[PDB]
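To begin, one chain is listed below as structure tokens, in the form deposited in one PDB entry.
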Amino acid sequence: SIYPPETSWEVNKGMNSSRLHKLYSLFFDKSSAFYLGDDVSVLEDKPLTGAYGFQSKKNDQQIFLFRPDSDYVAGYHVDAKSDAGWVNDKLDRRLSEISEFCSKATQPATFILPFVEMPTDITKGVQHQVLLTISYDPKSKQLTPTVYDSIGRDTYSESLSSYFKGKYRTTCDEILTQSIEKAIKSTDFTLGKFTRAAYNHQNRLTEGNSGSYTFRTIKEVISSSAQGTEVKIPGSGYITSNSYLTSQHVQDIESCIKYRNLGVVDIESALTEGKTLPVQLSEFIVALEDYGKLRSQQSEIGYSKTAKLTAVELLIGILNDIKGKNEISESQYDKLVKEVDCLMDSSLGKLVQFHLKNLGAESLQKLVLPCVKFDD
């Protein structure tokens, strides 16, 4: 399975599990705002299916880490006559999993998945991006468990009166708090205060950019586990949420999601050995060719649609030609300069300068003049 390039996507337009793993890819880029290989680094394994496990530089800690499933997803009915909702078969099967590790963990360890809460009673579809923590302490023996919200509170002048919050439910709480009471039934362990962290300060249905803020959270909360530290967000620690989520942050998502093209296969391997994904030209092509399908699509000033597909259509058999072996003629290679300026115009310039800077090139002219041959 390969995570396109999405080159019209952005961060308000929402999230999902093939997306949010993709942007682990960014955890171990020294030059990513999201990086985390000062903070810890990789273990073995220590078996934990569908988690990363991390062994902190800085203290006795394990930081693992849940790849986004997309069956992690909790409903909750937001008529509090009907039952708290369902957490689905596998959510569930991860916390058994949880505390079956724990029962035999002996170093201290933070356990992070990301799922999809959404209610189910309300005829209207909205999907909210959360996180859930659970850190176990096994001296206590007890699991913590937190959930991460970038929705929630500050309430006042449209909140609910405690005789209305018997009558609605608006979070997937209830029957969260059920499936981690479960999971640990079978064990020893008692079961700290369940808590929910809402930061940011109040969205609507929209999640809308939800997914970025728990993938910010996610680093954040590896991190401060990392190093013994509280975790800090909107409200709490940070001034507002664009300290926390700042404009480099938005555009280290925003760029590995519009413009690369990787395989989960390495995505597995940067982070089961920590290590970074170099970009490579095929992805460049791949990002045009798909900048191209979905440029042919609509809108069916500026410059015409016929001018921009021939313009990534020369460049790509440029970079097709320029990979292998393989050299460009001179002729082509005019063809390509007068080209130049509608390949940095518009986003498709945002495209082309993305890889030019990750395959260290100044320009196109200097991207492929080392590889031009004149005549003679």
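Heads up, when I say rigid core I mean the largest set of C-alphas that superpose within 1.5 Å between the two forms. Residue numbers count along the first chain shown, from 1. Compared with the form deposited in another entry:
After superposition on the rigid core, the C-alpha displacement between these two forms reaches 2 Å or more for just one residue among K165, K185, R204, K193, namely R204.
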The other form holds:
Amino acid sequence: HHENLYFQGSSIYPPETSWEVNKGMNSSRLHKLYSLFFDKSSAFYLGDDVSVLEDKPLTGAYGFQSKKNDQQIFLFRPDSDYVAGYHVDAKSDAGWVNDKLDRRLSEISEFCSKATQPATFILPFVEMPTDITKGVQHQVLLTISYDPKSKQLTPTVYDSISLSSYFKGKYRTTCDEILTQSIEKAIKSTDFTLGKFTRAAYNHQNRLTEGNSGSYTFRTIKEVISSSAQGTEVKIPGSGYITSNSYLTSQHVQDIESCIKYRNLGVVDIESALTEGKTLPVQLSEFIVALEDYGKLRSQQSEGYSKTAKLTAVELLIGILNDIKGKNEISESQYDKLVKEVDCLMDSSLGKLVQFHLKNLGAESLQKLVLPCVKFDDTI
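The form deposited in another entry, contrasted with the form deposited in one PDB entry above:
The following holds one chain only.
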């Protein structure tokens, strides 16, 4: 069963305070990362390379116009239905692509048949073996380059990752055959043809990238957009970047983890940021939801400061910040309780959560964030 599935955009990507790059990616987290693209402080800022398009409408995709050349760049929102299943056994057919993914290939084909400018289509998706019951959802990146003069559609799959030539004809290891077939049928009736399909594979050293391969996919989305906007080649590890470390740097990783762990973003806010090219500033309500999530998670494990001390300090601070979110105003006793909890709130992982939101809200400390709202008892 690989059919269309429809979920709407009234949803929220919550703070996942326990997440790290090695914990894996899904379509929801990857979409949440798109908020980084117009934050000037981010290593993934795209604002020097592209600006927003109008529209030029491709359903399910955000349109950008290169600032340095004529290229239009279309980045598809991630979707759990973007799945290609391949059969490992070469005596079976090649596999399948989910109907929704197949519909997008037809929609890209219809767009290109009317296009007068060069365009680049960027689509994150997962490939997976379907007749071997261990099912790993391997995150990959499809890019399609359309050249109106050629007239060629050129697909490429970027793949953050030893059987003989004979067994490579008995066993498939990727979805290239079914994917090629699906693109081919989508364009059969057009006046253009397929360029050379290529799989650029780039992390052969293995550090159990089950994994951060979603983080490399997001990093490659940024390279494809910038490289396409600048008319340059897409440089990736082993082919432009000599180390994976200079490709996905510590700055890149911090940006990814901060966004996923600590932010609380509505889908509608991310669509607003990408269709108008704004940054999404951190709101105090995200601090609250981040602490709530932290407490909810801690209550489950595993059944310094004790678990009871940390949940006590988190309950106290959540109440104070809700008491600041409206009307509002906090008492001197609440503030005095909070002073006694500060050391506990700044300790270990709770402290990094607190420090991220302090920094992004404009306060140097828990006290300086709430002191403007304190009524003392009393004045002079």
